[PDB]
Each structure stands twice: as C-alpha cells, then as structure tokens.
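Let's start with one chain on its own, the form deposited without the partner chain, as structure tokens.
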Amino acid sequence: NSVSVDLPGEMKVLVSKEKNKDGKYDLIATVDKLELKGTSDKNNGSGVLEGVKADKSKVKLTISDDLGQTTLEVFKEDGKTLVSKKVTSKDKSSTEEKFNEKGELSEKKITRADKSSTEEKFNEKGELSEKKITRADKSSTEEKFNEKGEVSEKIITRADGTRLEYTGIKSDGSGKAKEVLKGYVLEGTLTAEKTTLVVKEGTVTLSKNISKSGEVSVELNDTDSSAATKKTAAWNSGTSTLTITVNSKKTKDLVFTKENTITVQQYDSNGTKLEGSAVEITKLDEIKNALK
C-alpha cells in the first residue's frame, strides 16, 4: 500500500510500503490524466515510471535519487525519438523542450525560481522566430523576428491582461500600434520616442501618449471656433486626469486608471465641484460620446 511522495514539477508518486515478490518496491503515479508504473531499488520514491498513450506514445518519468529533480520525457512509438522533455528542480526552476517530427528542437522554455520565464520558438531551419519573456508580476513581452532576425512584431501584456500590440515595426522604430483594453481597442502609431493612440469625435481628437518609459500623458484638440461649443482640456500627470472645459466651465474629468481603464464624472453647473460618482467607460462609443 501507499505513501504519498510529493515531487518537483508539482507531481505526486505513490510507493509500496513493503518490497514486492521480485525484491523491489513498485511505484505508481498519474501525470496529465495518464497512469505511470515502475519499480525501484530505492524506498524514497525515486526511480523511473513508464506508461503509454492511446496515440502509442511512450512517456517516462525519471525521479533522481535525492528527489531534487524530475524528468518527463514523451517519445514517439519507437521509444527513442523525443517528442518533448521537461526537467524540473526542487527550487521550481525548469527547462521545457518540444521537438518536431524530424526530431530537431522547435521550442524551448526556461522557467526560473521566481516564476519568471523565457520562451523561444525556432523555424524550419533552426532560426529564432518568437521570443516571449514573462516576468514574476505575470506581465510579458512577446517579440516576432523577421527574415533578418530583427523584431517586426511586439506584444506587451500587462499584469491585468491588457495589451499594447505593435506591427509593421521598421528600422526607424516606427510602427502601427493597438491598445487592447477590457471592452475596447484603441488604434494609433508607434515612433522612436512614443506610442500615440488616437480617438476622434467630429472636430475633437483625443490622444493618449505612452512613452518608451511607460508614461501616459493625454491631450485634446478641438478645431471648431465657438466659446459655446469648443472643447479644451488640461492634463494633470500627478492624478492621471484630463479635465475638460467648454465655455470657461469644467464639464468632466477623464481619469485614466492604474488598472488601465478610463472613468468619467461631470461637474455641477458652475464647473467647480465634481458630482455623483465616476463611471467606467467600456466601449469605444462611450469615449467618443464623452468628447461630444
């Protein structure tokens, strides 16, 4: 009967309390819905376990004698050619390799003790195509490499899940840009000094500027002439808020939040106090209608 031994890789193995009829200890484990069975000289839960998938693939879990490391190999039917391989250490660093049909290496993923990771992907002739770095705050950068090994796409993902996406990146540092937010997408441009995302409504255009440092500044420009209608805007970089003025009265704040959202709340008749409560904008129409 059993004794549950936990293992590097977030795995558990069971081992026979007493030796079997051939002298050895039997050990059983399940990993990814598949059951592996093996036997070992040692009583601590080290040794090798094996199993076969319904696609005929052969899976081998090797546990080191000091329990400091596990190796999970998936092989083709021959049991020799590698399909994939994950070595994983007690401090939870690990290496993950996936090989293609000709046996060569198509993806490698390194994970460190702090959950940060790097992940590479190689094309048909061994050359790097993607590189995704993922940080311990769960944020990330995925780069896509063109024929000459220069970055042509980039995709920044933040800890809340929103994304800056940059495409047609070019030698001068210019590109097309896209910001993916909870509910809406802002289109704009990339350049050497900054990212600029544009939102027009009629004769107003609002610009969310994001610099290579990460710094958001927002500006507004109305091109109609009429004190009763023409919208102006002041930015406060301390509180990340655009305050809109029409006819010399504050009409509404746009707050741009840490959480990467936008809110709105209106002033009283005099443009002095803010009223009610702020309201989260979840549609590209809500922002365009706030510019009206």
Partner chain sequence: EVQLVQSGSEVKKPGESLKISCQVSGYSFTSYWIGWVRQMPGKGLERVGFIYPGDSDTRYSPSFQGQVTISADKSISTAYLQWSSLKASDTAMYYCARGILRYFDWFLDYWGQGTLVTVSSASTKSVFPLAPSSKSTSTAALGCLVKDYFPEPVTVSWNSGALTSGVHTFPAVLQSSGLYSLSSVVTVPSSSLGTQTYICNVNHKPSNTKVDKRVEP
The other form holds:
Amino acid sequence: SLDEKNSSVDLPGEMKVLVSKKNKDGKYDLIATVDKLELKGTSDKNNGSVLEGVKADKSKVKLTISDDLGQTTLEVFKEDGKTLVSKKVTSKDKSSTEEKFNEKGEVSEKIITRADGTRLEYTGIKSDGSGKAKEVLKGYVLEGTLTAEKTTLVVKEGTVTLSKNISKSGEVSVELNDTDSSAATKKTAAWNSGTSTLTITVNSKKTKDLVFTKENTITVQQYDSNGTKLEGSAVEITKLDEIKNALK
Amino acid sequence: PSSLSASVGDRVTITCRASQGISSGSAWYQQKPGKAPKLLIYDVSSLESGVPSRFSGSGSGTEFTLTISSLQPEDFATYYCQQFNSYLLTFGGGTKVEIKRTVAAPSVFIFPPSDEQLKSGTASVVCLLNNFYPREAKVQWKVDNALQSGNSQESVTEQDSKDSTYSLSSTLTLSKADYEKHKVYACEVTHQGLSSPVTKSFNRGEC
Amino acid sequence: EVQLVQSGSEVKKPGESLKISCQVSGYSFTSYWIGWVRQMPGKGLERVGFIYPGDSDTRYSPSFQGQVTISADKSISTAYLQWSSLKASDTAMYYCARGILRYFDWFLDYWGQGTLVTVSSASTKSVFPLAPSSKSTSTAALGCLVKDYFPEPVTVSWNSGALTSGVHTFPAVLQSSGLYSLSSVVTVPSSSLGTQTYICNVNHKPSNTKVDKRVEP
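Now show me the form deposited with the partner chain bound; what you just gave was the form deposited without the partner chain.
After this comes the whole thing, all chains and molecules, with the earlier chain placed first.
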C-alpha cells in the first residue's frame, strides 16, 4: 500500500493506477496492480497518463497509459526486456488486440476484439503473414484462413461459395460464386460498396438481400415474389445454418 | 536533411512526420561524425540503457517526438527517426544540431597555383575561409573579366570542438592553357559577419 | 560486454566479389537477429537485410534481393554480407547490427565499428603534395595541396606532429578523374615567417608513400 490519502483512477483497461497527489524530483509517481503484480513508475502528469515491473519469471512488464486515458499497452518481455512475448493493447471502448510471439519475435497469435464484443482469432501465424483464422460472432462462428493480403472467411452450401473478405485495414467486401450453369438457379450476387450490402439475384429475380452491419451482423430482407421490391423486414442471423439457408 | 542551431541548456523537440501513417511506434538514433550510431529511444519511450534522463521520446499515430530537456555538449550530433510503418526503408533524412555562437567572420586567403604543379598541366587555385560562423557562406570566383560557376569545389570542416567555428576551402581548377590566358584571379566572399563582400585577388606572375 | 567486430576496409574493382564479416560476442548469437545497414557517403542509413542464426532465416530489403547475399556461422558467431559482382554504386560504409523485429522492421540495438567499402575502376595511385604558400600584408596562412591519389585514407600532419593549433585538414573530394584531392592548411602569425620553417607530413598507406614537403613563401 503506497498511499490512501495522497493517492486511484480505475481505467481504461480493466486496471487502476494510483497517481500521487510530487515525488523527490518533480514527477508524480504512480502505481498499478496487474494480475498479482505491482508496477511502479513516475510521470510528469497527475492523471494516470508508464509502469515497469518484473515477474517471478525474471521477465519484464511495461504497462503504458496514453496521455488522454484512451489506451493501455500492456507489454510482457523476455528476460532481456527487449524481446517481447505478449503485447495486449486494450482501448477505452473495450476494443483490444492481443498478440503472442515466437522466439524470433514474430507474431504467433493475434486476437482482435472489436468494441461490439465480436472476436477475430488468428492461430499458427506463419512467418509470411498467413495462418488459420476464425471469427467469433454473436451466436455463430465463421472460419477461414489468412494471407497477408486479405483475411478470408468462406461459407459454402453445395455449389455456392460465400466469401467474406476483409481488408488489412478494416474494410469489408463480400463475394459470391456459384458453379451451377442453370440460369434458373445460378445464384449470382452483386456487392454494393456504399451501403455494404450483398444482393442475390436468382433466375433474374432478386430473391433476397444480405447487409453487413458496421456492428458485425448479417441481415435478411427477402424480395417480393417477382424480385422487384423488398418484402417484410430485415431479420438478424443468429445461427450459421440460417446463412446456409440464405444460399439454399 | 535539415539542420538546427541551439546553445547549451536549450530545450529541443525533434518532430518526425510520416507520409502514410500506420506506425505502431518509433525509434531514435544519435550519430556523431565518423562513429557508429547510438540507440537512444525505442518503443517510443525506452530509454536505452546508458542514456541521460534528459532524453525523452513520445508521439502517436504518424507524428513522433524526441526531446532533450536541456542540451549538453555531448548531445551535439545528427539525429535520425525510425518509424515502424509498412513504409520503407531508408530512415528519417536526419537532423543535425549545431552549436550556436556569436557570429564570427572568415579570415580569407587566396593561393596561386605553384610553379611545380604548373609543370603537370593542372592549375589549382585555392581560396580559404577560416574560423567563421555560421556555416552559410557563398564563395564567388572571378577570373579577370568573368564570373565562374561550374569549376569550383568547396569542402568544409566539422564545427570546431573548441571555438565552434567552420572553415571552407574553394578549389578552382583549370588547365595550364586556360590558366595562362588570364592575369587576374579574384575570390569574392559574402557572409553575414562581413559588412561588405571581401575579395582577395592576385596577378599571374607577380610575387 | 557485447562487441561487434567487423572486418577491415576493402578496396575493389567493378566485378570482383567481396565478403564482409561481423563477429558478435557478449550474447547468444542465435537467440536474436543480425543485420546490415548501408550508409552511402554523406547520406542516411539503409536497411539491406537481416537473418536469424537459429534457423538461418534470411530476409532482404526489396532494394537488394538478388543483388546481395547474407549468411552466418554459429560455430564462430560470425555474420556475413557478400556480393557476386560489385558495382561502383555499392561504394559506402556498411554497418552490422542487432535487430529486434517490430512487426515489419528491426530497430538496431548494438552496432559494429566498420566497415568501409571503396569500389572503383581506379587503380592505386600516389599522392602529389604541392605547396600553396604565403604571403600577404599581415596572422598568415599556408598549407599543402594533396592532390590526385587513391584510395581514400591519407594522414596529414605539420612539423612531425608538433604544429597542431590552427591546422585544418579538409575532407577529401572525389575528382571526376576518380582520384581524391585534399588540402590541409594552418594559420600562423606573420612575424614568424622565415624564422620558423613549416613542413607538412603526408602519409598514404595504400602505397606507403611518405612525402614531407617544406612550404615557404
């Protein structure tokens, strides 16, 4: 217990740093506890805005708090304090990217947790930027693989291949391919870059319309019996089978 | 690159602006003349071990900042900035910090080509600007009638460790033939420490 | 204490193949990365390539892939940078350093002292110390014009290391002939002339040619 009167701002990550209310040399000193560990440090500020530590594994810990209290950057290092093992960057809005590292410092794993709670798990990340990917959603899981170019998550029902492609940077594009030649059931879609909507057109009749929200969900507002107007209203998809039925 | 004029005790903050900014962090180095660069800052606040506390590094996004609380003499070097952007590769172009002193004037001296060298068909006229400040100084060459542009070659000393002066050496060269069809070789210097352009001249063959 | 000791300076001609070493000591040669940096004269730094000795994982800067070759040797803790056929543009100082791999690039923890690499079709040549000489009215200045030599290193003194104050041995310059030219000057009081002999002591090791020239008015 450093102090209880001259001290405890409990944010942005699930952590509380104890700013002082000066130290021996003009810099407010601040302390935080992270998983049974005491991280001590100093700062020219008096609002929480770096912390060192040493694990019983001889390792090194360096928690960083931004100068506006909007991020934590909890870094765990090897015994030299330069080669890192695990760097988790949590943000204020509960969005975070956690990473693990190999002996040569390359990224082994990477888990991007969005604000809305949806995850994006990367495993077996090769030295080239590739590996096995998966996306944990609200009510279902998507699966795919990774190349450094794009993150590719694919859903197939029979001949149809629904590919959801993610830019390196966050942008989302969707593709659809069908191997049927029957123009009576050749499921063909046309992406919309603006409204972020995929629009199936089966047998020259638009049969449904699939939006991808900025909140990472999938909607279904089917068209009329002639493919001329939207009938009913959009329903959020909660199970994966309901997506295969969208291609069915 | 760029240069900077500061005295001891001053506070300096070097800014490092990225073109296309996704950086994840930055690093800084210090290179003195003829020496291996030294790691000051990594992971924008480091410090590297063995660096005085007067060195601090911060920044965010595309813009990174190195700061020295108060300059010391040993802190006078070139400073580079390394961003971890996908962009590559060379470095920040570099920023050199020079010592600020009272404006001194160049003592100017002109040397005619030696007779021995004239045997060898090469005539090398040397003009000298000695122990001045600041480094900015333009040396114009005047062969008796005309002003010359593309035959000079300048070369400057490093900032003198004692008196923070500079010294330049303009070296007009031409062939013995071209040399022996003109009489007057003059060297006009302009510099802030001079109230008017100093010219030193000589005539071909008047000892 | 960690030390990175590179091989000596090298002078080569367009076409020749070159190897450069870097012997690390003071840490586990395999547990980290080793790399090279190109600093062309009076310019900034250039990441060229890095390897990981634990599995000999080599990665090259795109400006070099196909042009240069990096290797290492665990048994001696040495790293290597080599060319198949040197070009004139390769003339630079090359540093060897320890990288730490921040997602795309390495920041460089420890550095070696070398290594100077001159590359020219020029042939080893001798200095020509000629004499720029006094005088004028009056505080005087004289020097030596060390011209048309090769390669870069020359050592210039005044009066066998006695005369030091007011000496300015300028940086070399590369002439269009491919030969380095240089001038060393010294300031002296005008009243000391004739009563004090002044000589410059030149030394050009790549030809072992010593030239002591006396400069007089």
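Positions refer to the first chain, counted from 1. Residues that one form lacks are left out of the comparison. Whichever C-alpha set is largest while still superposing within 1.5 Å between the two forms counts as the rigid core.
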Please check whether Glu286 and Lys176 end up in one rigid part once the chain is divided into the two parts that move between the two forms.
yes
Treating the chain as two rigid parts, what rotation angle in degrees relates the smaller part to the larger between the two forms?
58
